[PDB]
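Take a look at this one chain, the form solved without this ligand, written out in structure tokens.
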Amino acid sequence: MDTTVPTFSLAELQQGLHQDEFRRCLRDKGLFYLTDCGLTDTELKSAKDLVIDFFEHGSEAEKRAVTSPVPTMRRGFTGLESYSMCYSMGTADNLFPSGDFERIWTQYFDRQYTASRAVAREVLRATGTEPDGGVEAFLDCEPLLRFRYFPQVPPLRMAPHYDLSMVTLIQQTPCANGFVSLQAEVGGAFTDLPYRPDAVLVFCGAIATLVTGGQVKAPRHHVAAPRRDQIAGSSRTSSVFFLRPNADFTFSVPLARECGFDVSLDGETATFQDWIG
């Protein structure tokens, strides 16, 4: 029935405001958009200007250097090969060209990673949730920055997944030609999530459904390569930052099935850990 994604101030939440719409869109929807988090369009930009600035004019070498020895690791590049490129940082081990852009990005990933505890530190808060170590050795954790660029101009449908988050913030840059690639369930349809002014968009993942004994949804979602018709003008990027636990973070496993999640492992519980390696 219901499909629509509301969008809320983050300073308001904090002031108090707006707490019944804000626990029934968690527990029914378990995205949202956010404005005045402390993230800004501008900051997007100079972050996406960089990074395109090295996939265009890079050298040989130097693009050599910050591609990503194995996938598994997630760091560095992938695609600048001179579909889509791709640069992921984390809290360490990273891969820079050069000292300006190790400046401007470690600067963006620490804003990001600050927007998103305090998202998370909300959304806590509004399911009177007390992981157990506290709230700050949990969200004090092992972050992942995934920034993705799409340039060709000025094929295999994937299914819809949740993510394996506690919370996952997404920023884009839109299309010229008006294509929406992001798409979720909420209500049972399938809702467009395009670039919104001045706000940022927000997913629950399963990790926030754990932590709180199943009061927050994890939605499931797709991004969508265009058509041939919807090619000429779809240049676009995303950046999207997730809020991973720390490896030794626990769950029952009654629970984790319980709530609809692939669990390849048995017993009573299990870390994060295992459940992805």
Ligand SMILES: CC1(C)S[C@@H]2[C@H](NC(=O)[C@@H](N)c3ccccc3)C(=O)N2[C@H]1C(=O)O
Contents of the next structure:
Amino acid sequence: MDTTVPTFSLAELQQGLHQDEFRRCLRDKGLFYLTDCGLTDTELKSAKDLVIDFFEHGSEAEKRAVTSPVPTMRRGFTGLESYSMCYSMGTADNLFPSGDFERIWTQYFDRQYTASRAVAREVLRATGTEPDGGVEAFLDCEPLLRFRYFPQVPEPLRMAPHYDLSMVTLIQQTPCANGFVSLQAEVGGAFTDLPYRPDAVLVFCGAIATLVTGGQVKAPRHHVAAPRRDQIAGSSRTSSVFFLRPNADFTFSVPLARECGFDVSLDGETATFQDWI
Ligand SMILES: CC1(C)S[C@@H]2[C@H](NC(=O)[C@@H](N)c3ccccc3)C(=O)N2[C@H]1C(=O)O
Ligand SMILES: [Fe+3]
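Same protein, different condition: the form solved without this ligand was shown, now please give the form solved in complex with this ligand.
Zooming out: every chain and molecule, the one shown earlier first.
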């Protein structure tokens, strides 16, 4: 029945407002838009503008020097040379075309990481959860930021819904000129579209939220629908996805894990994050 996605301000949540609405949302939907956390459309536009700049005007040699050496190294670019381009970075071992690039993207990462820690803090507090070793050690982690740009042109294997392997994930997207929403999830047994919203950021909870809160938070299945050969006049878009992932050494009791419906990939009593990849 219920297929709407609520918006909340983070400031408002930190002041004890909307406690019930937010508790229920987490348990029943695991996803929500969020205002008044320290991100801006502008910050995003400028990080984007700088990447696209490089994509178009970068020497062939410059590009080689920061293309990702191997798929394992999820750092640097992919798909920019001679179904789209992609830039990835983490807390370290990053690759960088220029000095001003380093500064803008390092700052955009820190900001995204500060926001995503803040949201996570709120998700734990709402469900009364103190992970072992404390909230802060848990939240001080090994995150990853994938930015992805789909350019234009004019001259489709539908992948299946997944849940994310993250405490939380934050998505900012620029829109499509043609109104096409490429991002969909399951809210109350239906597929709901999740557009760009002005000065909001989309937030999925993930497996680790479910695990860490003892089952209290849902991790919604979602997928990125590509467009067909008919709605591509004005369908350039970007998204910026930030995975707040735990430290490899984090652990969870396996009775509880399969109890939800996640890939039982290890045959043990309890386990850690890293081997589950
Ligand atoms: C479409 C998405 C927003 S979600 C999807 C997927 N997320 C995961 O499975 C994630 N837990 C993961 C990432 C990398 C290695 C192992 C596991 C991913 O990556 N895609 C994103 C994207 O556009 O880059
Ligand atoms: Fe995902």
